[PDB]
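Heads up, the chain below is alone and in the form solved without the ligand; it's given as structure tokens.
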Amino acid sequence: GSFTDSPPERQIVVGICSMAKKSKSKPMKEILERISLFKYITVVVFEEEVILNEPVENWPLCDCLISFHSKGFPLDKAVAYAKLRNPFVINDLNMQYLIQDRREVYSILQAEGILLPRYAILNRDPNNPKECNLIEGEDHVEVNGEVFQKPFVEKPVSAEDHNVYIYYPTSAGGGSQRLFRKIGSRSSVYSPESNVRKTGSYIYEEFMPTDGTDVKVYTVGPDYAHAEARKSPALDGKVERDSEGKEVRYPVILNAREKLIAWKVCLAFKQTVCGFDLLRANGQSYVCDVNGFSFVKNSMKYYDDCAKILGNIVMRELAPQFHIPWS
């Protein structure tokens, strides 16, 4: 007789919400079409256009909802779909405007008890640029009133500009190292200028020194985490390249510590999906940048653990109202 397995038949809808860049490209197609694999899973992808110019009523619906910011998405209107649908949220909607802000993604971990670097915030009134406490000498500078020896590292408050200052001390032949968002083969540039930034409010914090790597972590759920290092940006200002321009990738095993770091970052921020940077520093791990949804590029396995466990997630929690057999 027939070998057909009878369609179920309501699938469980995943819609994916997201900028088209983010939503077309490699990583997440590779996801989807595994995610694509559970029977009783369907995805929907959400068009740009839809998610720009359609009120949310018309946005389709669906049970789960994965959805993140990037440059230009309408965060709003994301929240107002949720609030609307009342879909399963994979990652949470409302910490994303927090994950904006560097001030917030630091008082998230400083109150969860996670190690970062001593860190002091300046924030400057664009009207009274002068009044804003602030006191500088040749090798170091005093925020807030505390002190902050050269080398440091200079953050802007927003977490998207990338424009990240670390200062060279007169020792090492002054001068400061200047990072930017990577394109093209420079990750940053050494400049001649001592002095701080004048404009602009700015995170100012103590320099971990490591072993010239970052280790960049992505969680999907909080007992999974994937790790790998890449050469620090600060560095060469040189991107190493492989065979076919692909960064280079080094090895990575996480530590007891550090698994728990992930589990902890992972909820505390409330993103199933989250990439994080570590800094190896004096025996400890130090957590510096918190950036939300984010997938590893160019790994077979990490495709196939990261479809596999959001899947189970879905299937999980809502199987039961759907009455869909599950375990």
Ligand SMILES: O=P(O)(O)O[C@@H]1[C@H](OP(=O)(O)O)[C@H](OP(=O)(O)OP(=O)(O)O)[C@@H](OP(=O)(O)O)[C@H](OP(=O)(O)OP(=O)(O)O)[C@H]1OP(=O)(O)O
Contents of the next structure:
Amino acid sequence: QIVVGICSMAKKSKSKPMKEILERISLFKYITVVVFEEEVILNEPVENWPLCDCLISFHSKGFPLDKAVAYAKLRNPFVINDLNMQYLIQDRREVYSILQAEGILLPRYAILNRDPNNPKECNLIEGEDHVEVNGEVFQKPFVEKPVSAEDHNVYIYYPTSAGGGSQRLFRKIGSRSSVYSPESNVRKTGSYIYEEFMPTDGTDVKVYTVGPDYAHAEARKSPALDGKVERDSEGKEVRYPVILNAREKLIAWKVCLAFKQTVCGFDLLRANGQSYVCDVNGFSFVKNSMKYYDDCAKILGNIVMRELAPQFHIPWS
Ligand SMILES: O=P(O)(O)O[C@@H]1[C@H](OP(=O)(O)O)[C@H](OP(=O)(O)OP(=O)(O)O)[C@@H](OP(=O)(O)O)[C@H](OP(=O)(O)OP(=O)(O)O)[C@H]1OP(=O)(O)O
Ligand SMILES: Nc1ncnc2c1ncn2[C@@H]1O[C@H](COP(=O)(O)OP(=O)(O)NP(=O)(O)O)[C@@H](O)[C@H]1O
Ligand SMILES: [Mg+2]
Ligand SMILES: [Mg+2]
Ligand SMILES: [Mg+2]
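Swap state to the form deposited with the ligand bound from the form solved without the ligand:
Let's see the whole complex now, leading with the same chain.
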């Protein structure tokens, strides 16, 4: 049997989407799925972790990525989502750098790197309706993102013509994803990316790749709108149908390969007749789509068979 090892925190390994996909991968005649226990991941040396021939492993809060890296170096499995790139995905500066290198449209942006010992010495000038970051001007509205991609406290600053103030976004809590603040001045501690505000129809397109030739997309109300979350009777956030155009399918292909994340989520802003990537999240499954579960499991199983069947002497077509 070809062994597919799943190495992530229990919140992710035991999530409904994961269980749905793993039960389908297990239907492959020659594949056995082994899910690494969280206590093993956290507390056992990598020399004691189960063997696998193919490793599906990804970082989330609390995950020891150094250990996953060392395990992959020790056992040299076929890796679905590259582990070293998951360090880079944690830093928005690195993500935007890669997007640019790949010719991928993204918002105009500038990085404000601030010395926490000398926070006033950074290259920021503030006016009432703009900032200048390293000399580069952003007229309001503009967006201010923590350099850490794991920090979801993204702020939007409104122009005086709109009443000023700001929208403070955050990881959703029940009914809300953002709140208005009367504060018009930018944050004065921390490092940020400042970027131009892309006007959309008030929705975000969320894209989910399974390899570079498959992507599911769906739309959700932008948290930047009023911050009330649309929920169904099951308490799931409301999603809207999307079909990606030819340009956007290429974007997905590029993102998947550039970040070496077979399973990869990222966000698109449909604005001004083009589509701009504003965030790359790495490993993420679509939730609540039976067809995606089927498709994702089939594609992953096929990738495993295509790579490893010859060395196992298993016929595969
Ligand atoms: O980006 P999408 O596709 O919306 O997935 C996120 C997911 O949103 P949803 O389940 O509503 O789609 C987020 O779930 P959450 O916002 O809690 O959803 P809900 O309000 O239904 O409980 C998840 O956050 P966490 O579980 O609280 O850490 C959030 O986790 P994060 O990646 O932001 O933080 P992590 O916990 O991974 O460090 C995401 O889960 P993932 O992509 O499966 O990891
Ligand atoms: N340049 C922009 N112009 C307009 N809206 C933006 C822009 N950047 C971000 N947004 C909006 O703000 C939301 C959050 O920003 P995003 O860069 O996705 O932060 P995040 O903290 O990485 N979210 P997550 O997808 O949960 O990891 C997006 O989904 C958009 O609705
Ligand atoms: Mg099986
Ligand atoms: Mg996002
Ligand atoms: Mg993100």
